[PDB]
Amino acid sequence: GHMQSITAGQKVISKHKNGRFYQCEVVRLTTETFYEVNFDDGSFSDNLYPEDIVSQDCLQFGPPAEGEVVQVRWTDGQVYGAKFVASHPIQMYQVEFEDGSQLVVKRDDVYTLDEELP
């Protein structure tokens, strides 16, 4: 959604790591910044984290310049040449389940207690 804003301290319903929906509590609203890059073969990634840029220290100095050549460490642990496209912060929701487990989830994966699932 929404319509409904979700706030810290609110009981909501979201999927646990076991893959089923349970009630959980929003413990914090976080901002995660994702980087978008074009790899040298022309494939596109929309969900790098700033630390995945290994040619410069983006956590310390911010994003590369638009179009800047970069090296990126991919999820296979290998390094690839790319060019920086854009960064976009996404508002997210850190939730805690009855068992103490936590997840950081996007708005669309959070439901209020009053609404029909899914």
Given for the second form:
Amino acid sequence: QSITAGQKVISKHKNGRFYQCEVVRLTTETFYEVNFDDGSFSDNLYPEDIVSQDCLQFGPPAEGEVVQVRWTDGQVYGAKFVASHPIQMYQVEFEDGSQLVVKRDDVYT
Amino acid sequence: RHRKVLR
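Previous: the form deposited without its partner chain; requested now: the form solved in complex with its partner chain:
In what comes next, the whole complex appears, and the chain from above leads the way.
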């Protein structure tokens, strides 16, 4: 059913193909969901991208909180705090020795 | 809402 470290699994390598992977490590890692004032959203945001208050030091904003967010072009947009998504991530390793931190079962089993 | 890839 569910995964632990040392386990063989199948997940995508950076070359774009699926390979055997051994999960070397498990980390919980949190993302932020926001409501951009342009009617779009994002839930794959790192806490550091909320520039209006320190969330990496004090925790998520209040829900519905007005917030400033550095988008992936490093430019700062107005949003509105939706939610904080605590996800279990999986660091795997391939035979060439590469390694990627990953989600689902984006590590199939 | 939409997913967001702009810029």
